Structure formats: C-alpha cells, structure tokens
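Student: Residue-level listing of the chains:
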Amino acid sequence: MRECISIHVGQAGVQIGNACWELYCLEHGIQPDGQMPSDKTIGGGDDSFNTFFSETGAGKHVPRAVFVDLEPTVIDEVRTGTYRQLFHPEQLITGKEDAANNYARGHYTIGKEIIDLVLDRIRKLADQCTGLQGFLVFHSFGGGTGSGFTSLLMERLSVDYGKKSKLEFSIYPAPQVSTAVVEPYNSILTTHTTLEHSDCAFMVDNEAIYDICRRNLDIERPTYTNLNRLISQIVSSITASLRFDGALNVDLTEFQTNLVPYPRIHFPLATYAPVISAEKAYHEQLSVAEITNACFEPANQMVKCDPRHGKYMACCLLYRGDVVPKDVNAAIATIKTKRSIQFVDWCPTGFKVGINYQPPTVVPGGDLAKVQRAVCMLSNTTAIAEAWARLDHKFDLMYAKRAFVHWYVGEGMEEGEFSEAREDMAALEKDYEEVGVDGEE
Amino acid sequence: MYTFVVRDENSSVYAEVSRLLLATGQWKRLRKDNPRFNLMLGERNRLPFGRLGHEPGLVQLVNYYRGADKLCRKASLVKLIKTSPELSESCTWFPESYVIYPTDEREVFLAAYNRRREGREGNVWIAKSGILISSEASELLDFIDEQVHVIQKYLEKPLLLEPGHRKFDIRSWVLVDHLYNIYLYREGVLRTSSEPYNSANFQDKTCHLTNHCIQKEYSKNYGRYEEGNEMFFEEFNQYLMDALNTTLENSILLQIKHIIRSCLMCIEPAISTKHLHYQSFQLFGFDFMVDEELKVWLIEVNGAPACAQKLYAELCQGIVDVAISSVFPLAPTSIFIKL
Amino acid sequence: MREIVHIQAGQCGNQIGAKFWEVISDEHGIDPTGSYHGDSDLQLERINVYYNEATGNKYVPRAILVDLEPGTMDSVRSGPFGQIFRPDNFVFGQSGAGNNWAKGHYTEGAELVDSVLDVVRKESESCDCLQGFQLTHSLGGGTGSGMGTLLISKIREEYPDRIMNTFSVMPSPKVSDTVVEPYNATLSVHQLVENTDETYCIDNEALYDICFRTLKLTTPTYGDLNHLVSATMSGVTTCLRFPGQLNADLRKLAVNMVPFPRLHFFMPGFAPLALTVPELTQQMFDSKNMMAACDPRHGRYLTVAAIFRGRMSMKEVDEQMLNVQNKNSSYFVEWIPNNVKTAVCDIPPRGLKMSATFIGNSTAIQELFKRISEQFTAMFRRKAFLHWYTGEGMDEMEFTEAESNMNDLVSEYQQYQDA
Amino acid sequence: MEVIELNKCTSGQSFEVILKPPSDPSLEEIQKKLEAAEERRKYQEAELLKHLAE
Ligand SMILES: Nc1nc2c(ncn2[C@@H]2O[C@H](COP(=O)(O)OP(=O)(O)OP(=O)(O)O)[C@@H](O)[C@H]2O)c(=O)[nH]1
Ligand SMILES: Nc1ncnc2c1ncn2[C@@H]1O[C@H](COP(=O)(O)OP(=O)(O)CP(=O)(O)O)[C@@H](O)[C@H]1O
Ligand SMILES: Nc1nc2c(ncn2[C@@H]2O[C@H](COP(=O)(O)OP(=O)(O)O)[C@@H](O)[C@H]2O)c(=O)[nH]1
Ligand SMILES: [Mg+2]
Ligand SMILES: [Mg+2]
Ligand SMILES: [Mg+2]
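Protein chains in written order, with the entry's author numbering: chain A, 1 to 438, 448 to 450; chain F, 1 to 102, 125 to 151, 159 to 175, 178 to 362, 371 to 378; chain B, 1 to 42, 45 to 275, 285 to 360, 369 to 438; chain E, 6 to 28, 44 to 74.
There may be inaccurate statements among the hints.
Said to hold, decoys possible - The following label-pair restraints were derived from C-beta to C-beta distances:
1. A:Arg215 <-> F:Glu299: 20 to 26 Å
2. A:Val363 <-> E:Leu72: 52 to 58 Å
3. B:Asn334 <-> F:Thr24: 43 to 49 Å
4. B:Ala56 <-> E:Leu72: 33 to 39 Å
5. F:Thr24 <-> B:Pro289: 19 to 25 Å
Unchecked claim - Below, computed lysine-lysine pairings styled on BS3-like, alpha-carbon distance capped at 27 Å:
6. B:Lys218 <-> A:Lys96
7. F:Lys70 <-> F:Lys82
8. A:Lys311 <-> F:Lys79
9. A:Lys336 <-> E:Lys70
10. B:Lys124 <-> E:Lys70
11. F:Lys70 <-> A:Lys338
12. A:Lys338 <-> F:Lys74
Since the hints were made in silico from the structure, they are not lab data.
Every residue gets a Cβ at the ideal spot worked out from N, C-alpha and C, and that includes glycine.
The whole structure should be built from the sequences, with the hints applied where relevant.
Tutor: What follows is the structure, encoded as structure tokens:
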C-alpha cells in the first residue's frame, strides 16, 4: 500500500477539497467524527482506502491532507464545519492577509515567508507513509495564492520529493464567476513555472461547470457549493482507482504512463456523464452506450472545446456502477464508426477501461440525482489547446498596454518574467499544433 | 441592438450582408477585434473558432463551418470521397481523381492510366490544385513536380451549347444554416466559354476552361452569345426545352440536388454545431459539369464563393433572412430550395 | 479581521463623515450609544472592519476626527450619533486654516499632525490585520485639503504597504465658498496622484445638479448634498462590510480597478436617487446618476464595479448588466477583457427594497481635472490671490509644478481614451 | 477489436481494447530567486522613504 497526500491551496483549492473529502467519507462509510465501522482493523491496516486515510489508535480515519491559504476565512469553515473533527490543527494552515489576486504577492512576498512552514507540515504527513506515491494539488489558476504559492510549492516539492509524482486539479478562470480581471496574468505565470514540475494536470473550466449546473441541474445561478459538489464527483471518479481495489490507475505513476506520452502536453480533457437533477423524481436511467456516447458531446466536458478537430494521444474510460465489459465494447464499436476520433499516428487507437461496481455516491441534500451507472472519460486531445489560445489572447490584450503590470513589479517580480512566461505558452501552443494539425471564387 | 464584426474586407457577399445589416437599425458594426459580438463575418484563413462562444451572455454566430475545408480543398475532397463510406470509391458523379505529391496515389494513377490509352479509350486528364490538360501521363506528372496537386479525368464529352459548340459549367449557391438545413438558391449561373470546343488542341485552354477568370483575359468572343458569358436558368431551361425537349429540373437539377445533399450530409457529424457553444452557417459554391448524356459531374466545392452581379441583392438578402435573422430576430415568399 | 482606519478632516470631511457613520451604524444595527439592536447575524459578521468592540458588546467606530478649528467637531459631538465616537479621537486646533492649503499643509497643519498620528498609531496597534485607511475631506478648503494630504503623506511614510483610499469632494464654482478653491484643489490632486491607491471623486457640481434637476430640490443645501454622499459611501463600502467575494478587501479592489498607478480616480454613482432591475441598471449608468460631473460618453471605461443591494433576480442582474455594456459598447476599452464586475448584497439600505451603486474608472474623469486646471490658470496667470500662500512660506514654483503635474495627469488619461 | 489485460476483483474489473496499432531549480537557486525579488521590493521601498524624506 502506497499513500497519496492531497494539498489544497487557496480558496478554490480549499473549498473543492472540502467537497471531495466530504464525498470520500460518504463513499468509504467514514462518519464526520472519523469513525469507520466497516474497518475491522482498528487503528491500522493497509487497505486501498488507507492511501487517502490514516488511522489513529482510537479508530479515527484522518485524511492525508493539508489545507493552506494565506487568509483564514475559508479554512475557518473547515475547522468549524461538519467534518471539523476529521482533521487536526496541524494540517490546517492559514495566513493573515491574502495575495490580493496577485501572483507575485503569493509566490514571492508572502510565499517566501510561509513556504518553510507548509513543507514542515507536509513532512509530518510524509513521515507517516511507508511508501509515498506523490501529491494531488488542488488550486485555482486565477487567485493570487492558487497561482503564486502553488507554483512555489511545486518547485520545493520537486526538491524535497524528487522521485514522487505530482498531479494537479486546476480551476481555469471564467468571467461568469470570476473575481479579478488579472486572472489571465496569473494563469500564464503559474502554468509557466509549474509546467516542468507537474506530471499530469486536470484543468476544470468554471464556465463548463457553470453551464452544466444551469443546463442539467436547472440551477439559474449556481454558487460555488453547486460547482464544487459537481467537481468533487469528477475528482472522485478520477481518484477512485487509488482508494478502491482495482488494476487500472492504481498508482499515480500510471496516470502519466496512460495519459501523457509527451511530457509538456500533460493536460487531459475530462468528460463526465450523466449529470441529472435531483428535483426530477423519476429520470430515465441511461444505458452504457448512452453515457459512453455522452463522453463525446462537447456539453459534458470540463473544458469547452471541440475534440472533433483535434487528435487523441490517449483515451481512458472510468465507469462506476452497473457496467460490464461486453456493454462497454459494444458501445465503443458503435461510437468509433459514427463520431470522428482521430488518434495521432504514433499512438495506438485504443481505450483503457476501468469499472468500479459501486455506483457514484451523492451527498444527501445535493443537486445531483442518484444514478445506477456513470462514466468519466480522460482523453489527452489536442483540442484542449483551444483553452490555452483563449487564455493567451486575453493575456496579450492586457500586456500590450502593460495594464496592471505595476502591481506585479511592486511585489518584487521582474517585468521579464511576463514575457518569459508568455513565450513558454507560445511554445506550448506550438507543441500542440505539431502533434495535432496536419478566396472570392 | 445586435452587434457584428467584419474580418474579411474582400468578401463581396458579406460586404453586402454587412451593408444590409446596418440598413435595419438593429445591427451595429464593431471593431474587428471586439469580442462582444453576436455575429462574426470571419476571415477566410485561420479563423479563431476556439475563441467563439465564450462571452458571458452572448449567443455568437459565425459565417463559417469549422472543418468544411475537407470539402472545399481539391486534394482533401478527393480523399473524402474515396474514404467516406457514404460516398465510396464507386461514387458515380465525381470524376476519377488521384492525389499526387511533387499516403500518395501517384502509383495507382498510372495503373488505371495504362488501362485507358491501351484500350483505345479517351485518356485525357487534367491536373490542378496553373492548370494543365494532357493526353499522355508523361507530361502530367512532370508539371506537378516542377504544392500538392490532383489529377482528374477530363470530361471529353461535354454538353456543348448551340449555336457556338461551346462548353460550360454550372454554379449553384447553397446556404447551410445553424440547424444544418441545406438551402439551394433557386438562381444558378452557367459560366460558358465563348470559343468552340476543340477536341485535339489542349494547348489553348480558352475553350476548355470556362471560369470567368479566363473568359475575359483570353476570351476572344466575350459577351457574344450572352452578356458576360453568364447564362441564367430561365434561358438555359428554355434552351433545353427547345433543343432537347427536356427541362432543367428533370435533366440536371435533380442530380445537382442529390450531389449537394450527399456531400453535406456526409460531413454533418464532423462540422455540425447543434450541441456546440457557438453556431455556424456558411455559403457554398458548387461547380458542376454536364456531359452529352445529360449526366451531372461534380467539379469542386468553393467555401468562400462570389455571386453573380445580377443576383447579389436577392441572395444576400436571403442569407440575412435564413442565416442571421433566424438566430437574431428583428422587430413567404422564399428564394431557397430546402433539401 | 481586516480592519480599516477611518479619518475625517476639515468641515466638509467631518460633516460627510458624520453622516456616513450615521448611515452604516443604522445598517449594522448600532444605536447612538454604540449598543447593538439588530436582528440579522449578517450585520455583526464583518462589523469589526469599521467598529472596535468594547466591554458590554458596545461597538465604537474606528474613526479619527481632525480639524484646525473646533466648530464642526463640536457640532458632531452634539450631533445625532455624536456620542458613539471615542472622545479622545477628536483632534482639533483653534487657529483655523482660512481655506488655505498652505496653512493646512505647512503651518497650522504641521503643529497638529503629530498628535493626529498618535491617535492613528493607537487605532492601528489594536488591529488584528490592518487593511488600510480611508479619508473623507474636501479639496477646495484648507484643513481637509492641505492637512488631509499632509496626513496621507505621513501615514504612507509610517505604513508604506497599507492601502490608502479617500472620498474627495472636488470644488465647483457653482457650489463654492472661496475663489481660491482651484488653487487648493490643484495642490491636493498632486498629493493624491502620488499617495492614494483609490480616490472616489465626488464633484459638488454633480451633487447640486442631482439635487436640482433629478431630485427637484429648489434650493439645495450642504445637508442635501451630504445625503447623496453618505448614501454613495455606504454603497461603495457594502462589499467591505458584509460577506462578499468580489472587491472583498481594499487591496483586491485596487488590483482589479487600477490598471495604471496614477489613474486611480473613480466616478461613483447611485440608484435610485420599488424599482425593477432594468430600472436600477439603466439609471445607475446614466450620467444624471453619477457624481463626478463627467459624461462617460466623452471617455472610455477602464474598469467598472457595480454593487446591487436587496432581494432581486440574480439572472436579471446579469442580463441587464451584460445588456447595458453590449449595447453602448464603444465606452469600454477592448484591451482589458471582462472589465465589468458585479456584486450583490442581500441587505438593502434603509428605506429601499433594492439599490445599486456604481464605481467606474473612466478616462472621462479628465474633464474634471481639466475644469480645475482651467480655473487654476485663469487666476495663476495673473498671480491672483497668491499672497495668501506666499505669506505662509510657499513659492510660486510650487504652484507651477502642481499645474504641470495635473496637466500631465490629464494628458495621461487622454492617451488611454484614444487607445 | 482485441481485448487485453482483463483483471477482475470483487469491486470491479479493468481491461484494454485496441482498435488498431500505431502507425530543475535547486533549493539554493529557488532561495536566490526569492531573495532577489525581496531585494527589489526593499529597493523600491527605500526610494519611497527617500522620496518622502525629501
Ligand atoms: N470552482 C470553484 N472556483 C473557485 C472557488 N473559489 C474561487 N474560485 C475561482 O478561483 C478564482 C479566484 O481565485 P481564489 O482561489 O478565490 O483566490 P486564492 O487562491 O485564495 O488567492 P488570493 O485570495 O488572491 O490570496 C476565480 O476564478 C474563482 O472563480 C470555488 O470554491 N470553486
Ligand atoms: N475533369 C474536368 N473535365 C472537364 N473540364 C474541367 C474538369 N475539371 C475542371 N474543368 C474546367 O475547369 C474550369 C474550372 O476549373 P476548377 O474549378 O478546377 O478551377 P478553380 O478552382 O480555380 C475555379 P474557381 O476559382 O471558381 O474555384 C471549369 O470551367 C471546367 O470547365
Ligand atoms: N458636499 C459638501 N461639500 C462641502 C461641505 N462643506 C464644505 N464643502 C466644500 O468644501 C470646500 C470648502 O472646504 P472646507 O471643508 O469647508 O474647508 P476646511 O474645513 O478647511 O477643510 C468647498 O468646495 C465647499 O463647497 C459639505 O458639508 N458638503
Ligand atoms: Mg483567497
Ligand atoms: Mg476553387
Ligand atoms: Mg468651510
């Protein structure tokens, strides 16, 4: 058994981590007090769920998690909420004043003074691991802490844990729920300095989660709570293989091997189905073919983009519930004909399939309906480059006038870091172009 | 007040569309790089489709279908027809074509060639992408080697109009709206050659190539039989009745409509914007050849076509009604044929 | 706990400040004696941003009252909520400033400033994590303008990494006390360009017109003008005083409102001056609802922040907001994507079921500075009334530099209005 | 459409279908970058205090 440590940085990272661990407990039968009546090994055992939960001698199952935020409001609700009893104070770290949506403030000014403390608390958790796999890092792109302190932490983690995989769950900025106008700056800055330190990152565009909440859940103005419960469902199906018995994606390294052949191109596209409103008393239970076909509709993707015009480098299907292999094979055969799925010539045209028999768990009182089968497709398609293009274009519009740059230089960052970060993104966009693409008449 | 942007100054069609839009009081033109638009009249090349449909609260529409180039590039069209099961290499209305680079078809082309000039059969081909019509394969492959090209069987038995003994091509305008309805403009145009068709001299290409480009710089009888070497359907229909005792609808238009449907339906799964975060429509220019048996042959599909000076007003207004106002209403009678 | 230290200086600064504390004290459920009598936990949620807590759970405004003569201070102490302020936070002299920037900044003001900083230092010491400061004052007089900017300069020297915000009342010939107001205002604007992060420009001419034309007040008083300002001050600080995610604190608001350090002068607006969401949206964006006496149609918005208060359709808010900008889209710069942000507070202001407050960083604000510059040069060209200032030790050179500085500011706005 | 690597357990199973075969900065370097930025902040703040002293 090998342990995974989760790190939640910033308001987005902390509040998403909240929804996940709440869901993890419901999936594993762990009560808010940390007691797990099904674990017959009191205060011990190296089961699959122990990758994410340690056990005290009193039978408490404690998440292998550290929450960090440069301002205490968000983490104070963890200390005072339903699962307050779950974590101990050492794993909840809060600063005094935040990064003011300023990458340079989170990375340099404030990060320099708190980084050593965060690493010390992580080492405390690492010291409880007989075989640590690596880390799962949740954070936003646009926040000053989520962007600035995350990239500093990732640099230090590569130092203190050289032979450990690092995976990301990154919230891509969307104006529909965006706070700041400088989020394009922070996204490019944090992607540049984090790129060589992340083995595999799952971007979630708030614009996609927002529309899914409005279309499928009939929520006229979704809140962060609605968004985060849906996000935690996707995160759960992505990490289910690590904390349940199985043979697919049982190790963090496997995510890289199965989804990332080209190291810089480590941003798989996630597509989830079905998302059904709980207010619907009786809803038609979708079949394996129907939900598998839904993995190729743009409206169910975590990042709005058109895979029909990219190329696939790897595709992985993760099922939960009443699913059997022959149903999956039949569905794929039907889809490979209709829809256009072009794989790169230097990669096999196949699908790795994982099935977990436990149906997806839903938080009581949530917006999602209980379904008998769900699926999450992880596909590394070049179509996700559209997200970099959009982001890079907003960066260019503001940087041509040096708008807001003084806030970053004022915190000790050099103006050169902007262009250095931007040129790395230009090369990243070209890497996708190379792998992907082939008047007045 | 609806907003739109213009990113193709050269489009004579959407220059008129932009002119009609402003002439309603409910559309305002923004700067080319203003992202808060309802309608983009995009550039021909490298249209940033990835930046569409991401503005909060804006339903955005673009006048191009991302991926339609597969049908409008001579090289890719051949590959699409031979590859698509909906069309197959047995497709009877597309001339035998081969893609040859200066994955390559240069080999298979010479195989079917030997079977022609050996069997006394007419063996004339036309390479294009700078056009060349040759009798032996030798001179053809040399022209390409000296950009990718396509060698296509030359229709040696074209339908020749009388008087004149001259070949022509038919242009049909097709509008595909955001719901992927296929609309055929009721008005087509015949681009005719003013010179008699010569079956032996392939050096002079003034009577073999009918496009308005050559029928002006090198046409010796421009405007003799019809103004601007452009015969419209009414005249052509009356001719088919007088000369051949048949109608344009029966002898030709049925095949044209079948070919339009086949090409666009084939690619609908790849380019449809039904469940997409933005919407597309596009005007297409189909070019057809008619042989002496009254069989219609598809030549090419143009993705940014121009219109006949005499038909701009009706077609451009029809575009605004079917494509623009359908999505963005304003405060019957129909010029299209729904396929 | 992110505390803000409030300072009000001079006649205008103290009369507007007094009404401000009166309005928000009512909103947070604080009576004139500092005792809480509310009925919603949302009131005490962020009460400490503006109020200290004493035994008996009495809340005391974190406010410092400054003036160079006792008159206004005595009127506040005898005012409606005068008992709510800490007695030792009244800092005043007896000489007066004679509507003279030099007296407030260099002579009379210099004698009082250290004791003001003593009080400021005391309020800051008891702050868990000081956000920054907000100053209310006028620019046309002597104390608020001359000593107010002296205070800002001293505060910045001692707290160089804290946010400094001001509500600054700009003079107008139509609502004028003395002819030297353009002199005092021109001198102050330069201090603000260098030492404030955010300045809400409140033009007395716009306040008058609003009381005259819109509100149908035949003969408006300073009291009527101060009704509009305190209502505006309450709205612009709503996202600071209640649970909020956008413009949460002073530094985050600055980072998203100020793309260039010198261009940090904002036009505020309010509505109504019940209404539907489209009505609030349309009115809040009309010039007749803005208090900088500048037509936004003459310039372009760099950034905009809108705060909606009360129970209303969150979808209608976005639709109207996204509507109002996607119609007259010529007035938003295209090189700051998504530069219009919207916040919503459930608690409406007293006497209204829903209102909307508008904060714009518009290049049209240059019209205000140009008016002041023109009035400055009409007198300075003849050295009129300069002896009042040279008698306090100032030289003409300092006037010439302040003139060029504000003209530099105007031309800086003109560059970004063309871009 | 081959199917390979079928693993079955009590809580699920996994397999693979193939439709067609194919055709850093050190600790001291980070510390320097952080102290460099801090130094530029202290320089800018010194120029401010110098400006205010004048
Ligand atoms: N999906 C989701 N997105 C969030 C959440 N909280 C914030 N965001 C997004 O994150 C971005 C803002 O960054 P934050 O994470 O709030 O800021 P931070 O990491 O705390 O950094 P600072 O506050 O600047 O110190 C915006 O794009 C928000 O939409 C959340 O709970 N869920
Ligand atoms: N296989 C074939 N048989 C006979 N004629 C042919 C032919 N292929 C092309 N042509 C002639 O060539 C002319 C136009 O050729 P083509 O359309 O391929 O060039 P092009 O694409 O530059 C015209 P446009 O600019 O309108 O798209 C037509 O008038 C047609 O008569
Ligand atoms: N809106 C408003 N403006 C005022 C008020 N009192 C004075 N002013 C304006 O402020 C300027 C005079 O400055 P004042 O505050 O009286 O001088 P000070 O006491 O030395 O700071 C003139 O432009 C007046 O129009 C007031 O109560 N409300
Ligand atoms: Mg935060
Ligand atoms: Mg062509
Ligand atoms: Mg006075």
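Student: Run every hint past the structure and note whether it holds.
Tutor: Here is how each hint holds up against the structure:
no., hint, verdict
1, A:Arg215 <-> F:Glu299: 20 to 26 Å, "holds, 23 Å"
2, A:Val363 <-> E:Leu72: 52 to 58 Å, "holds, 55 Å"
3, B:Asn334 <-> F:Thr24: 43 to 49 Å, "violated, 19 Å"
4, B:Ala56 <-> E:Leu72: 33 to 39 Å, "holds, 35 Å"
5, F:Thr24 <-> B:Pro289: 19 to 25 Å, "holds, 24 Å"
6, B:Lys218 <-> A:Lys96, "violated, 49 Å"
7, F:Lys70 <-> F:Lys82, "holds, 12 Å"
8, A:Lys311 <-> F:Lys79, "holds, 18 Å"
9, A:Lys336 <-> E:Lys70, "violated, 70 Å"
10, B:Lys124 <-> E:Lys70, "holds, 25 Å"
11, F:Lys70 <-> A:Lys338, "holds, 17 Å"
12, A:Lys338 <-> F:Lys74, "holds, 24 Å"
When held up to the earlier numbered hints, the structure conflicts with 3, 6, 9 and fits the remainder.
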